[PDB]
Structure formats: C-alpha cells, structure tokens
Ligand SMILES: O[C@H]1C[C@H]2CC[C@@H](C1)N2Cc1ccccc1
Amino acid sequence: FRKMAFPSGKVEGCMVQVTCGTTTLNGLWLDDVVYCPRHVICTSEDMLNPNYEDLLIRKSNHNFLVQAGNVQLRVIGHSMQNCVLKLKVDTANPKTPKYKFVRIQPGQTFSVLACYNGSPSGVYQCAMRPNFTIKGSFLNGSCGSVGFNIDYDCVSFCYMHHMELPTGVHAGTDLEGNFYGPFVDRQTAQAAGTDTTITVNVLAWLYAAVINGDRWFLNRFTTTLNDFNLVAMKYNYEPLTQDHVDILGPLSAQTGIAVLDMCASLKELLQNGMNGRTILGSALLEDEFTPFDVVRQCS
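Show me this one chain by itself, in the form solved without the ligand.
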C-alpha cells in the first residue's frame, strides 16, 4: 500500500511552455485554448501589486510565446478568467483527452504533474488540506503545473499551481482561476489558517493497515460519534460526519471492524501516542488517502 498517483500520459500530452517578456511558466493546452496563470504577464516590478485587467489590456497576442515541444503555436486571442489566462491558439491539440474542470473539496486527493518549461518532470499524489493549501513538491518555474483525477479516460482538472507559502506548503486555483483558500496572486508572504487533520482519511488509512495485516492499534472499546468528535476537535482533527461514516462502510464490511470501533482505536492513538511504533511504515497518522483511494488500491 503506497501513495498511488494516476498515470500522467493523458496530461503530459497537454503541457506547453508560455513566455511573456522575462517570465516563463507552464500552460495546459486543451483543444485550441492554452490555460496558464495570469501573472506570466507581470514583470518582477508588477508582481508586488498588479492591476491585472490594466496590465492585460496593454498586451498583444504577439507578446505571448507558446511552445509545444519545439513547435511554437500562434496566439490568435487572449482573455482572462480570474487568475487564469486563456490564450487562443490557431491549432487544436490532437492529444486533448475527454476532460472536465472541477473544484475539489478539502480532504479530497488528486495527482500532481510537476512540469518545468512545459516538460513533465514528475507525478505524485496530494490532498486538498482543510486550510486549502497542499503539501507539494514544486520548485521555481512550476507554475502552470496542474492537479487532476481520472475516471474512465475522462480527466478532471482540479488544480493549477501558483505559489509556495513561506512555510513550504503550496496554494493555487481551480481551472476556473479561483484560488483555493484566502490567497492572492501577489508577490507577498502569505499565511494560511490553522491546518487540521482530515479525520475520515486517517480512518480510511487505519483500515488499509488492517487489510494489510497491521492490527496493533486496534482495541476493545467503542465510542459514540459525538464523543469521538469531542476528542477529535481537541487534537485539531476535523469532525466526522454521518456521511463520512457511510463512506467508510465498505472498508468496515471488508474488515468486519465497525466505524465507531475504528474511532475508538484512533481516539486512543491520539490520547496515548504511537509509543514509537509505526503503522504501514509511517511514524505519523497519515491523512492523504481517501476511502476511495484505499478501496481502489486494495481491490
């Protein structure tokens, strides 16, 4: 049981390079539109406090160098959707897959294809933290990198990368250009809200450990759902809903461990610690596997 990402081939066939002036970053080429972060039009001076509509109107179609591999594509139009720039090109991407743009909720996961200069560099899995950051690996020039999920050769794009907070976590937008969280595409040091742990995900991961023969954390006790949430919120865990309980059903039936039994086990682990032991190799309670993630991988 490892953190598994979706195969990235369908998304690699879409990453291009977008250059405006001195600024370079990645774009996503679907059909005859190239999507990228709008701050590619900014100078270093602009980025301190940019007026984007104002800065964009002074731009021409020919200010934008879009390169797909070696081939350069000609921009025949440009418009802005929130923090995302849409560049119209005169050529449709033949590798465009069946796609959709979604906005994911906190706690859900996606694969991140990290690109630099329009070249895919690596893929890994991430979750939308409850404070709307993501704990990624992104260096300089990774803006435009997108996150996504795949459902029967339909790619749901849910994230485009824009910034690293001073704490080392990352922030970005959906493909409509709306940031996840209270962040703004300005060159300013920005803090996030207090992060919390994704509870339904930690439980899904405990189930995965049992399905794989780890049971040392289990116990005899049970807890009411409200009493578990009292302890949970004390340790900065998100509360557990009845929906979350049903989402976990399969894993409960698969293992024969009732959700509320699994909540007693997790409750003790938060009160007692792990005593130096490990679960599925981790010394920490892991919260970036969703129940579906676990289900898909174990069956």
Contents of the next structure:
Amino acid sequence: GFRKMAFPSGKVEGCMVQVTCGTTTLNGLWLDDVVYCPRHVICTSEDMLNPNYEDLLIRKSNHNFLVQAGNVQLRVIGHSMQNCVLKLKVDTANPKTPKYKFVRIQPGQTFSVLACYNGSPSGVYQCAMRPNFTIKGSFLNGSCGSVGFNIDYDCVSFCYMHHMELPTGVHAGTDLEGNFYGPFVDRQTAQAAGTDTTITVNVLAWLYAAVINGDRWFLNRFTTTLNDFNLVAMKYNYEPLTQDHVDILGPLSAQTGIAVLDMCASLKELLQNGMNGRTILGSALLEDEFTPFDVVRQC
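Coords for the form deposited with the ligand bound, given the form solved without the ligand:
The next block holds one chain only.
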C-alpha cells in the first residue's frame, strides 16, 4: 500500500482571507496582523501591461484594500511591497496563526496546496515543483493567492503562493517573500513554461518505496556510473542526477541494501525497455512527485 497524501490543511485554513482591490478579488494569507497576497491585485485591467508596482502602491490608500475574514472585514492600516507579494498591515492579529516559517524550496521538492476562491478554501492536493518551476494544476485547482506549504511537527513551512495560471494547465508563483519560482513575471504578457522534465531523484525514491514494500522485480545485478546514467536519463527528458541527490538518497540505500547507482541501473533499464506490461506499487507509470523524505517519512 502506497498512496500520495497532502498535509492536513487545518492550520492553513484559519489563515485564508479575501482581499479585494477595486474590481480584482483574490486570496490572502493572514498571519499575525499582516495579510500576504500577490501584488498584482492592485493592477488595473488597463495597466497590467508593464506596471510599475511600487509607484502604483505608494499612492493607493489603505481604504482601497478590502480584506474579509469570513464575515469580519479587517481594516487595512498599512501596506508595503516585498518583491511580488503585497503586505497589508491590518488592525487585528489572526488568533488562528500557527507556528510557521517562510522557506524557499527547489525543483523536485513536494508540498501541499490549499486551493482557495474568494479567500475560502475549496480543496487540498499534494504536488511537486516541476523542474521548469511550474506547479501542475488547473483553474479548478485554486486561484491567485492560494498557498503551498509543508508541515513539520506543528510548524507550517509556507513555501509557495499562486500568482498566475499558464495556458498549459500549470500555474506559477513565488515564495512567501515575493521571489518567483522560474523565469516568470507578474504581468499580463506572453509567458510559456519551458519543456518539462521528470524528477529523477524522486523516481528512485519511489522505486526505493517499492522495494521497502516488497515490489522488487525491477532490481537487477548491474551498476552504472553517475554520468552514463545521466547521459541516458537526459535522452528521456529525465532531470539529471547530481551528487547532492545521491547523498539525499543515502538513508534509503543503507536501509534497503541497494546502492543508488545500483537502483540507477534498474531505472536505466526501465527507461530503455519500458515495464513490459508489469507494474510497480500498482502503477503502470513511474511516479516522480515523491521526494526521498516523503518515502522515508511515510514508509
């Protein structure tokens, strides 16, 4: 048994609020007496072509910002900008503020997203940062202002905020400090996600998860070099394996007795020959949205 789960979203639900600036309405993250939201809420329909956000911001009054928490409206008493997130100083601290951090993740790492609309949570799903720096998801997977997070024993690590949905069924955003993931801008302009690749380090972790649960038909007696595998994996649009990734898989290699370059040879043959009608953990396709720690932590 092995099914992908998202973190319990209870701690994040208590922070979701509705932020409206003029005609634009989106989701905001209410922590203490500050509401975090994408800065493009201050954009006009007619001005999100090359906006000069800080000049538009220093002239919008606090009363332009409508903040709703359920049926309580929070009075905005201040506003400042950090990169691409808008900070709204409000007169009320959120009593449901959890123990939290602001962290930045890197491609291949996983987190949960609390999909929200008009500040009210609709659903939660588990996802990974694609190598192209996008997050797979539809317009029905949350609108602007939805946040991505991890939970580490009572502490919520906020790592992502939805900013825009790309036409290819993926969305892109920033961390909670305003820094985009990937080569994207918060402008209505022609933006496309680059050619996506498979997160190789996650596939091996998922293959380790199959070993730990007794699915070991794919294990072979061969070993490969790190680059001979990388030369093959890249040909199949699999994100190259670094020595960092080999190190992160260390505990799974020691616990299963399968060296990383041993499992790499198994994955290598899987790429060149397919699975030949067989399955792994009940799936006929290789899963790449399970980090090594996701496996260490569930298995």
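Numbering follows the first chain given and starts at 1. If you superpose the two forms and keep the largest set of C-alpha atoms that fall within 1.5 Å, you have the rigid core.
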Position that moves between these two forms after core superposition, taken from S79, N226, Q72, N178, with Cα shift of 2 Å or more: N226
